[PDB]
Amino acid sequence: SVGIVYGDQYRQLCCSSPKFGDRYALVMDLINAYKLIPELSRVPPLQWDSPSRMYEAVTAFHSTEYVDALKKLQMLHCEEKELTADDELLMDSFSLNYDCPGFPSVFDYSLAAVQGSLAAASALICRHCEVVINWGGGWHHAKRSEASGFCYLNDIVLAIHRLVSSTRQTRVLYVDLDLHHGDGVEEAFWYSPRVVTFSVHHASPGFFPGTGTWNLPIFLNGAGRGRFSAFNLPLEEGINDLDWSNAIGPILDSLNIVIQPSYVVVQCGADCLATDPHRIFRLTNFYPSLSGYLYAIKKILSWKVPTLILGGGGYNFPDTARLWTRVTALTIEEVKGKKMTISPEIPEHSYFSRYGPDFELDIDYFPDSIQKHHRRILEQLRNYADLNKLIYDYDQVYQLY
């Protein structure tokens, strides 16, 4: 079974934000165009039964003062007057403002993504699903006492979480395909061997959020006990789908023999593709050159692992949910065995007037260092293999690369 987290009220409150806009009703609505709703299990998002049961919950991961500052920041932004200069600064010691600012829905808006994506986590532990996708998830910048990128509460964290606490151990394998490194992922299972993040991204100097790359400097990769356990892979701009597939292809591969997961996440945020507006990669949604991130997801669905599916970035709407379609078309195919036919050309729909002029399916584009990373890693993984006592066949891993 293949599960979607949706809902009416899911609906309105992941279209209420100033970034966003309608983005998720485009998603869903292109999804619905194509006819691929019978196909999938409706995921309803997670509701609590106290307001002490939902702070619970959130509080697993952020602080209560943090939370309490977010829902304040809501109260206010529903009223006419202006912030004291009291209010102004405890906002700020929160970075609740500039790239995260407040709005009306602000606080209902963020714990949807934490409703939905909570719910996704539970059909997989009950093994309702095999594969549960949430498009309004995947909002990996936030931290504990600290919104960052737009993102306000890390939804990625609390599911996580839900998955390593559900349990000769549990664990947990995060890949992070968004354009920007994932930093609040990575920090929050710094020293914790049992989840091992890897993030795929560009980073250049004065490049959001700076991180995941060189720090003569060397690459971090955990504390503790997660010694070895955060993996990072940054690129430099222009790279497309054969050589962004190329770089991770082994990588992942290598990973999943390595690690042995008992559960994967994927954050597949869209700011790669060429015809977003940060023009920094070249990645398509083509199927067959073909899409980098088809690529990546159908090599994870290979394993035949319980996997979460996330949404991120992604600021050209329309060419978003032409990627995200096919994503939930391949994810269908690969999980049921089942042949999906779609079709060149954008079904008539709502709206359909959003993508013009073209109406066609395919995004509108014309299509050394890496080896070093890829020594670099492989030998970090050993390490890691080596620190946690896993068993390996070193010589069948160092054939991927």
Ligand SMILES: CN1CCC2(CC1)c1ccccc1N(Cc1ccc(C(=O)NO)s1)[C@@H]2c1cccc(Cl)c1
Given for the second form:
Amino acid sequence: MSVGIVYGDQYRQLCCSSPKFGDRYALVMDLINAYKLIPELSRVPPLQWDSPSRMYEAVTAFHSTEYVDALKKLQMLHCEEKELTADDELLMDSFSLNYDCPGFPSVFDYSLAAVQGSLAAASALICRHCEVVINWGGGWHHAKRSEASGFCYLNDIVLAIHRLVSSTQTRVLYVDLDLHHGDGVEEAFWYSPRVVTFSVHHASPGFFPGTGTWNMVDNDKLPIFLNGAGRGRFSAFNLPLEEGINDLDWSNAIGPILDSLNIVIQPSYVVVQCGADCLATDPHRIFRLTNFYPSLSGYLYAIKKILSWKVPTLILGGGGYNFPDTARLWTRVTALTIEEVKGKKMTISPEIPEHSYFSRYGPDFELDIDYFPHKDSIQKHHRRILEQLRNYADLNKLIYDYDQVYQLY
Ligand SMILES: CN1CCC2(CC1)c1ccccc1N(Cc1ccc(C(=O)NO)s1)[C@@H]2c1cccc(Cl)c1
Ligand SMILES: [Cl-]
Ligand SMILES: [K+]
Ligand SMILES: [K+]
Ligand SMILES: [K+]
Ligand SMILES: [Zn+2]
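Now that you have shown the form solved without this ligand, what about the form deposited with this ligand bound?
Below is the entire complex, every chain and molecule, led by the chain shown above.
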């Protein structure tokens, strides 16, 4: 069927207006355009609201009115020469609108743009206009009800998933491939069995945001994983991985888990956060994934497997602090999505085509990232996860082969 992609003139300008992500969104969409992919894609315009009240209702489906009010005020304050008052500094500090989530003149418009894009993408799936929709301006998984976190101001993902589950029993499987734990999405749906969250990430002492690993409590008892609560018990899945993992080991770590979640949950929709900060070339320098398509990119391995399910899917961006390598990865994800969904082979030249941002792709100007890969707790994680999935299934009265599922591992 049809693959949609979110873009527009205003949308691009807003997505390029933040100090942390600068013109990343422009490199991504211009590289997709340089490879002649735009004619294969259905343009999905960002959602717009008939009034301020309708916009406030949509965003406050998740966020608190006082947080939305403070974010709106932070934008007003940064569009003026006047320094903040003592009480304004306190208000903004109370919502963590500082440190990693500072103010800037477009902070509200920028944050809301991601929401507009991901809501339009979910709408395009719900009405069956597209089988898959991509939004490289979204995936801000850390934003919480009343707190900015990890340069995430509004949780476009939580709001898109809310629109999906609220449609016509609808289950959503959320897969978070970002280097960082998908805490804001996991927390939003902590009490729901209808949205199952799965995050693979780095976890280590002092690494942001600290969650998605063993629960640290006062007793000498063996630590265990919190995995949701009430009717949501066992519905939040996490795989924390040590630094240094390559394409093949990360692919082997997640593949059986993805296969099992799909078979047991039978989701109506899949939402994938594809944060590019696991790339070997990300300045975090934690994981050693690639965008290679020959050893297969772990990212391309995961997207190909997800798309093989033929479940309507939303693919989102997220982290990725090496802008040219993020564009390299996300162009290949976009081409792979065209190939799997349209059944139309896409031949991408290994040389970056000439375009405005061509100089940004030095020094080799090739599509492969400039990295040469070289030379379990995971098996333990696999047994724990498999037991969690059996627990989730039993609690939610789902029937499944279980021998078939045990075999995948
Ligand atoms: C405002 N505040 C409320 C409480 C939090 C976060 C936001 C929250 C919000 C919504 C639903 C559940 C939860 N909690 C319970 C958990 C959900 C996910 C957890 C985890 O460790 N997963 O890996 S712990 C969070 C929490 C509680 C205590 C310590 C830590 Cl680190 C995190
Ligand atoms: Cl654009
Ligand atoms: K474009
Ligand atoms: K993640
Ligand atoms: K859940
Ligand atoms: Zn990240």
